[PDB]
Amino acid sequence: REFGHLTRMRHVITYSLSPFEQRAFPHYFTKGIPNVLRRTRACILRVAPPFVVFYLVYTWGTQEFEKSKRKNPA
Amino acid sequence: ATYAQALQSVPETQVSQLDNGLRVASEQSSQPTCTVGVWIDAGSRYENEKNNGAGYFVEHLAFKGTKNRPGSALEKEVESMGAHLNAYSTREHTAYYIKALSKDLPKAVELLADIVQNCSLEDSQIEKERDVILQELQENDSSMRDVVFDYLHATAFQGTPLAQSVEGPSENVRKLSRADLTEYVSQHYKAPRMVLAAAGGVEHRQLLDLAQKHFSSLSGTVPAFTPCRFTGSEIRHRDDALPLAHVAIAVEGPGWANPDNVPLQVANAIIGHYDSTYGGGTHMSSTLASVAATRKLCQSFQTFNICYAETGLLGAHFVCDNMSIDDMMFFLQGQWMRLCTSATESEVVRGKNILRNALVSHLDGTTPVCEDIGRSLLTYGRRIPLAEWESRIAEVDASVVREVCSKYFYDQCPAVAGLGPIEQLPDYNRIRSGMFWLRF
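Taken in sequence, the protein lines are chains A and B.
Just so you know, we're using my numbering here: the first sequence kicks off at 2 and counts up by one.
Just so you know, we're using my numbering here: the second sequence kicks off at 141 and counts up by one.
No wet-lab data here; the hints were simulated from the structure.
We put the CB at the ideal spot given by N, CA and C, even for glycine.
Careful: at least some of the hints might be erroneous.
Pulled a few chain B residues facing chain A out of the computed Cβ check, cut under 10 angstroms [what the hints assert, rightly or not]: (1) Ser264; (2) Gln265; (3) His377; (4) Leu382; (5) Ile465; (6) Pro561.
Quick list of the computed label-pair ranges, beta carbon to beta carbon [as the list claims (entries may be wrong)]: (7) B/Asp567 <-> A/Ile34: 28 to 38 angstroms; (8) B/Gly505 <-> A/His12: 39 to 49 angstroms; (9) A/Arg39 <-> B/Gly421: 57 to 67 angstroms; (10) A/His6 <-> B/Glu219: 39 to 49 angstroms; (11) B/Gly521 <-> A/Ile34: 54 to 64 angstroms; (12) A/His12 <-> B/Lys436: 38 to 48 angstroms; (13) B/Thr481 <-> A/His12: 37 to 47 angstroms.
Bound conformation, chain B alone:
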């Protein structure tokens, strides 16, 4: 039991492929509980200006009713056997997964096969779901973090489908005829862009049998996204009545490919995260976190590595009062250039340990394992074993971190998104000038 032995003791995720193109994957270890989910390659990145929000509407109507199971009866079958049904639709992925018992796996697939292929799309359900979506859009408007992230996506991927929000504009939600939903399901829920992931106590042979028996009727054997562009800009929503000032600044990072993710994820791990309710505070290793805790300069800050296929957003999002935005910008940018110019070996080792803990802690529990299987099959084209992750972490050193940070951070036009009392946010010229160090 020396980590490496444990890493090679993790059961592998066998992958099979039906004729239709559905990629079936399973990982049985011990558990009597399982998480089985269909991952679609659909999302807001694929919808055009008129179809924006169609994926959200389809996800909303997926569980309400099907063809074989009329309406609420579906929920009954989920509740009667104790299964928990859930769905999430990010910008480039969609997923419907149920957590059930190992015994209920033959049924677990069937309900899923009902949801993805033959939904109901009942007109009255659409009519009520329209109001539901409008109110949910209001709730998300109240969500200041989500609003800031959507603003960042809008101002970074300007003029591209990536800038489109997942929920879509409120004007679109009104029209959204049933024909549009049917067309979107037809040309975005095809078999090749499906991964049937199943974690927990599922046998891959049994999964293959059920998938073949329940998914063969799907389309067997074209807009396939386009490389988006980065437009370094900023959107400032000066709303002084808001209590805090949410700010997010990001740069063009790597994609799902481009192994530079591994070093950069280390560098972000060096910056770390911290909010008001934390532990050591001033004693934290991160210089930014220590300074913020010492001077009470923040109520929160986080480092994000949002990475899509062709590109992605790599940066930091912080929540602070109106009188600390400028100092925060200075300290965050200074930490970025400190990593770019002189990373040091000890900091890189700390980041490597933190990132090692991240993957293993995340890959705990049936649902996160199934989600990782689906996301890895869709994005990377394979489920990357934890041993390969360990090797990639090991290959990262101070020089590699310095080089990759200089490639992605040093002298780059950033995309900024502020919201709240953000009048003290430094002007974009000042922010960009902070992205190059005269001393170096």
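Chain A with its partners taken away, still in its complex shape:
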């Protein structure tokens, strides 16, 4: 497991450039923000609801505990 015999690959042509000839932040905001919104839209529906149900149960538990501490007119 080291460089030299990792695997076999053929007919692959790859290009790149020197770090001293291209911008380090190529339009960091022109496509960065749309990319962020795209990933957020992709993951929001599967990330948020488990946290929102936790938010509701936390609030309900806190309020019910406070109510239980109050006297219950007896």
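Model the placement of chain B on the given structure of chain A, informed by the hints.
Then chain B, alone, in the frame of chain A:
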């Protein structure tokens, strides 16, 4: 006979210039054989994206047929008198030269005058030459060294005509109508961009008479290339089924001008060259060659100084197995920085002697002398005498080599081109980091 006397005993190459602009040059020493050649300033550097490969096609069709001599008859005249006709078209130069006898010089020019000015460009010849070019492109695809060098040119001169290959893309070769060839001949085979060089036993007066009598009808008395740019990059063609891994790494060097060529050619001579079938091996002076021979780290390595007019590629190309690319990169880069940081006088003297031998050995025989005359007239604007070369070698010392190597090597973004099982080739960040020494 103390070298310097021999150097000043070399016959000079007189230069004349016709009204059309053809630069006629000759160098008579003793020989009954001569090499007479027309050097054009045309090549792949001048063709655009659509004309790429037109120079190759024109060179291919040049010998097949002419106007005065219909087709194969031309070859007859070359073969009947024993002359050997040849042509080579690099990226920025083209040349058609025949080797003949001294007696056959009056005929030798005439055939040449037929080839360059009034070709045939027969359509059926174009049709067959198209298939010939396609198959030749396949052969060059099999040529791993040439493929690697073309990849280096593509990745170094990206976005410039210099990156274009001489043969041109295979798609272009198909279209390549006869009108394009005629236009390319018209605007790239003009008289001012021609050098009529003739080595061997040719008299300059006779050469002038024949050139005037056979080349006067040419155009008497505009795209003239543009400064290309260096784009430090790398192209990696991972083809693991290939036996060896051809790699070539180059940096922006000097041009035909910029006398820094003389010191750099010394420094490259210090690195030298070596392959599997060599002599002393481990005993070679070059540290890279000695290490490679001792550890069997290579099957070949070479140092190249490809220099065009505005720029050029200066670097090294090595052929080694898939398990020695990284060590090769380390050792080659370390040798480069060793030359940059501390060149030593003895190494510089060895390089000076090697470079002195290079020019004199190369300038032996009629054909190399004629080729040198043509190339020097086109590039330098003059034929540089060997005495001036000797003086330039003499002026080179350790400090000059160190300074020029630091100018061209130290902390520069290189252009890399690998092909074959090159997965062990260090990443471009590692390669660039190897181009600066923290200790220094």
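Going down the list of hints, with the structure as the test:
1. About 36 angstroms separates the beta-carbon of B/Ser264 from the nearest beta-carbon of chain A, more than 10 angstroms, and the hint is not met.
2. The beta carbon of B/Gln265 is not positioned within 10 angstroms of any beta carbon in chain A (closest approach about 35 angstroms), and the interface hint is therefore violated.
3. Checking B/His377 against chain A by beta carbon gives a least distance of about 6 angstroms; that is within 10 angstroms, so the hint holds.
4. Taken as an interface hint, B/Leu382 checks out: its beta carbon lies about 9 angstroms from the nearest beta carbon of chain A, inside 10 angstroms.
5. With a cut of 10 angstroms, the hint placing B/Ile465 at the interface with chain A holds, because the nearest CB-to-CB distance is about 8 angstroms.
6. Contact between B/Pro561 and chain A, as hinted, is supported at the beta carbon level, the nearest pair being about 9 angstroms apart and thus within 10 angstroms.
7. The beta-carbon spacing between B/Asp567 and A/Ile34, approximately 30 angstroms, falls within the hinted interval of 28 to 38 angstroms.
8. As the Cβ distance of B/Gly505 to A/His12 is approximately 43 angstroms, the hint placing it in 39 to 49 angstroms holds.
9. The given range of 57 to 67 angstroms is respected by A/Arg39 and B/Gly421, whose C-beta atoms sit roughly 60 angstroms from each other.
10. Under the hint 39 to 49 angstroms, the C-beta atoms of A/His6 and B/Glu219, about 54 angstroms apart, miss the expected range.
11. For B/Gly521 paired with A/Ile34, a C-beta distance near 56 angstroms keeps the hint of 54 to 64 angstroms intact.
12. Under the hint 38 to 48 angstroms, the C-beta atoms of A/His12 and B/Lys436, about 30 angstroms apart, miss the expected range.
13. B/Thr481 and A/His12 have their C-beta atoms about 41 angstroms apart, which keeps the hinted 37 to 47 angstroms range intact.
Going down the numbered hints, you'll see the structure goes against 1, 2, 10 and 12, while the others check out.
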